[PDB]
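Shown below, as structure tokens, is a lone chain in the form deposited in one PDB entry; questions about how it binds or moves come after it.
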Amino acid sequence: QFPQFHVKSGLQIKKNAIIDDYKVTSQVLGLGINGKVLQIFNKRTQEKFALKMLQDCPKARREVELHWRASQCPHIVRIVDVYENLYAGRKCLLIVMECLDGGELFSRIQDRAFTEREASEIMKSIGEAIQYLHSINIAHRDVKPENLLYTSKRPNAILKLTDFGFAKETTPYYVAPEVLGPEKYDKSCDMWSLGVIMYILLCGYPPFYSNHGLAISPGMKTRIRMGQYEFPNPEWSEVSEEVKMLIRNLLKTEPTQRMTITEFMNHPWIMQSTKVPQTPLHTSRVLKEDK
């Protein structure tokens, strides 16, 4: 009668040199805020891991903490251990994470081909990451395609959300959610980035791009501010006008008009991914030709 499974363990930070437990190669797997990710090896199991190197301070401390909490979610990259060591005398935190070999979301899409129903199933999985986060009052605030790596190159490899460098915390019965903690509008710009990734998912380019010799509001940044974009053919010719209408509710200019991660997930095109059009999509050839 009690949520036993709801007790997860809080972080125990190892303070011995991480070079007892891992070989640490000089080779970089990626780059993220505050940290380069080197590839390391467990010295005992010889298994292969990702190491991010932050330098101690309330930013660093905050990433480890927030991220440790989100580590439980299946769709967020799993933390193996966190070490607090002395790196040349200056003190820093070391995050050891699982490895993700499937590449970025888009790279592992840019070779085949990709259909709507398949993008819907993909958009759902990112949504679960985002819906878990907001349910524990964390906003990621840098959800981009480069923060999305696949575990393996198997067809059954998971899509996982990396990097908590910019992630931030957001804090009777008929009481209203305002009173129960004001909560800014941070979860909001995850919802925006979800649209941007939904948009780039279906056609193969971003809704906002660089072009200056035109008519009204040239700036890459003015098009963002105004909310000036739309869905060209052919790329969008046959794309569900239900789906376009969904992308209209995340790419709202006004943060208060956007769709909440819950509304997003309950919304049909996501929820029932397994009963949307299986119709073709230009992504694979669009995203390939351009580059």
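Numbering follows the first chain given and starts at 1. Shifts are known only where both forms have a C-alpha. If you superpose the two forms and keep the largest set of C-alpha atoms that fall within 1.5 Å, you have the rigid core. First, how it differs from the form deposited in another entry.
- When the two forms are overlaid on the rigid core, CA displacement between the two forms of 2 Å or more is confined, within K244, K252, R225, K36, to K36.
- Taking residues common to both forms and aligning the rigid core, Cα displacements of 2 Å or more over three or more consecutive positions between the two forms occur in 31 to 36, 43 to 46.
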Second form
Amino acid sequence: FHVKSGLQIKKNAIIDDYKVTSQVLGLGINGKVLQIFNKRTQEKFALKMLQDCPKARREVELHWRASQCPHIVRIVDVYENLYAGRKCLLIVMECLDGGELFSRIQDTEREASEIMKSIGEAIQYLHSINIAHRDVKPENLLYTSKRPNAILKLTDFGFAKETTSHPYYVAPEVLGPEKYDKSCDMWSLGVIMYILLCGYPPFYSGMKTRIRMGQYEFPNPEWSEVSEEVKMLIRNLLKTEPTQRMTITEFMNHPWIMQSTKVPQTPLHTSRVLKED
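Shown: the form deposited in one PDB entry; wanted: the form deposited in another entry:
All you get below is the one chain by itself.
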């Protein structure tokens, strides 16, 4: 009987259990994400502050329900305190330090693969529980440590969304209509995989067009040493039509992804280019 705990919105002042500092781990939509310390254990953690409101509690739940996944940043616990006469939602997160995906990179095809593989997993799990991130951009991919074995994790559920309301032989369609399709998630993947391998994004900067038109290239030299197999994989991800685009399940099985170990240590110009513009 495997069961994890349900989420609990703590009401006591976060200050008693934690020690909040002025350091800024970073900025964004909701504001500053401060670095905090756990008194009794003295470990560092990220603190996110949301206005308490229905939409917010939904996000938090989704993320908390997905923290059981290795490659998703974990929510240690959440508070509902009173901030400025305003009822807020304080979220404590494991503190990722390694830095954003591309940074670490700039600062082998096989490595690019392995990276794609973990991002894939972050998505496979979310989807396997009916959730679409819908904001899988590089920025939201931080490394745990600076160490060489740091692990990659996806974060930010400000747009996370439930795709499911309300017979061994029945088709997935019949199971019911679930919209908000995660396809974009698979698109974000292509973009990322692209950038990794060469150092720049597929669609450059009438860009909104080149996209809708779905017109890009694997410019030489950059892609001169890249397999048509790897190339073919980007294409099925970069399909302009959702329903035509590859599935997360089909991605995790594609050879390049499923067998990183056995993938060419062919160098990539990435860092260089990545640093050039």
